[PDB]
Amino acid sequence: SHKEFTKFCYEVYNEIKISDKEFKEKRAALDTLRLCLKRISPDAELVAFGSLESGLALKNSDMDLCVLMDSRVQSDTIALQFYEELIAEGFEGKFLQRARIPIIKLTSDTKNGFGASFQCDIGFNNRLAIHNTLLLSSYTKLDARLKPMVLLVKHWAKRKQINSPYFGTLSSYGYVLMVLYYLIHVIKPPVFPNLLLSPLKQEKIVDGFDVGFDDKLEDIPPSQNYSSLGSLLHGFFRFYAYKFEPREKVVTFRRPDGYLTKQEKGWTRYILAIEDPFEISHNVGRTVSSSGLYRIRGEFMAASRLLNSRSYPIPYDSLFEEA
């Protein structure tokens, strides 16, 4: 059935999703950040990526931005100039550079009214993250069940303390990929086609990687999977609880059947392996430790057991209780 669980899912979804109010405030912040950039480099463009751009944002969302500019202009000079403008305008944060890659991390706004803990990361020519986001945005448009499913999974992972890439567990983006992999390559009939593997897909090379996918969404037939959101979620928890084999297999968007061994990849950290769909040399699960994977799997199992419980009423609330 999952009738009651589905009703519960939409209730939680409406409480955890970003409000129209906060979204418009984030849009206003972006606009002011663009003004600051304009004063520094009229040719540069400031674009948003990640959760806010894909529509997969929870309340109190962080902001991810990328400055696009002529690749012959050195990014550290404009980054520093942009950073110094932002400080002058009352933002607080840090300027840093990992290897060749400059980053601005803003952590407050003391004047412009976007909050004392306004959080915004600014990259420079991070074109791949823009493309990653375009893919996720396209899936979010293709089926209305994706958005609440993703938000609920993110909320679950946060509550269970398994959404901490610095402490041996998995990024939110990792969980999004786990959801998409399930919906494309596991569930039958599929909720989604694989857009990278479409016969209509046109190669597009960006920073050495093929970011091409079929984005002509209007011609794509609607799903023939009619599962409720509650049922989708239960299948998801079950697959990663009992069926997926993290020791051997890679979550992948590059095989027609979704099948890829860690051995073929040479991904023998590789404790949990999730091949980024465009940047295929990147394991999104590289933050996951042995103990971290144990808890992740344990929580997948506990979620599955809850939804499979025959002790009525099922305490669905415990799904989002702090572990």
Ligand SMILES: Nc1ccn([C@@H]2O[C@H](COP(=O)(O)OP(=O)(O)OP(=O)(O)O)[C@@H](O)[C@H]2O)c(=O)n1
The other form holds:
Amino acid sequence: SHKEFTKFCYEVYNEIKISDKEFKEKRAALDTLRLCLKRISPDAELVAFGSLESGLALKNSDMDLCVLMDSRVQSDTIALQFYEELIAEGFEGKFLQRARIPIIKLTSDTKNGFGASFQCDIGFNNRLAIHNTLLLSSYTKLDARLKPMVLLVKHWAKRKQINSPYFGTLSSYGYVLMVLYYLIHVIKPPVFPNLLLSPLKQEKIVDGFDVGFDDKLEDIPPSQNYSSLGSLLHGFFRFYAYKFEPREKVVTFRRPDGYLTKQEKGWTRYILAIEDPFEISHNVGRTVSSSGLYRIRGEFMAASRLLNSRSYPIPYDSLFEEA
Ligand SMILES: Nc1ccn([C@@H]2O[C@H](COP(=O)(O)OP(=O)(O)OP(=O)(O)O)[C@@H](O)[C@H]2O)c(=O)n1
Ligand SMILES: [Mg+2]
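We have the form deposited without ligand CTP; now please give the form solved in complex with ligand CTP.
After this comes the whole thing, all chains and molecules, with the earlier chain placed first.
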């Protein structure tokens, strides 16, 4: 059935999704940040990416931003100038640089009214992340079930302590890709086509990678999968609990049948292997340790068992209880 579980899923979704109120405050914050950038470099553009842009944001979301500028202009000089303007304007945070890549990490706002724990990461010419976000935004527009499904999975992973890339588990973006892989290449009939492998896809090279995909969404036929949100979630938990083979296989968006071995990739960390759809050299699961994968799989299994339980009433709330 999944009727009661679906009802429960939509109720949780409405409580965890970013409110219209917080969203418009994040937009106001972006406008302020843009004004500060204007004063420093009139040619540069400040753009948002990640879950606020794709519509996949939970409450109390962080902001992910990228400064776009002339590639002939070295990013560190403008980065520092931007950072110093932000301090003068009452933001708090850090200026840092890993290798050649400068980053600003804002952690507070003391004047502009966006909060004592206003969090905002600023990159410089991170064009790949913009493209990744365009892909996720396109899928989110293609089927209305994706948004609530992703938010629920993200909320679950947080509650189960398996959403900690610094402590041996998986990033939120990694969970999003696991969702999409399931909806494109596992479920039958598929919820989504693979937009990268479309015969209408046009090559577009950005920083050496092909970020092309079919984005003419209005011409794409609606899904022939009629499953409820509840049923989609249960199949998702089941696939990664019992069917997916993390020791051998790679989550991939580059194969018509979604089949790819770690050996073909030379990805023999590679404990969990998730090939970023555009930056194919990047394993999104590289943060996942052996013990971390054990807990991830354990939680997939526990979720599957809960939804398959014949002991009624099923305590659906325990899906989002802290492990
Ligand atoms: N390996 C990664 C991870 C991050 N990003 C980009 O950075 C964004 C933010 O990543 P993440 O922190 O994992 O998502 P959040 O929305 O910030 O997490 P949450 O919604 O749970 O708060 C992603 O959408 C993605 O575009 C990326 O390009 N490649
Ligand atoms: Mg984000």
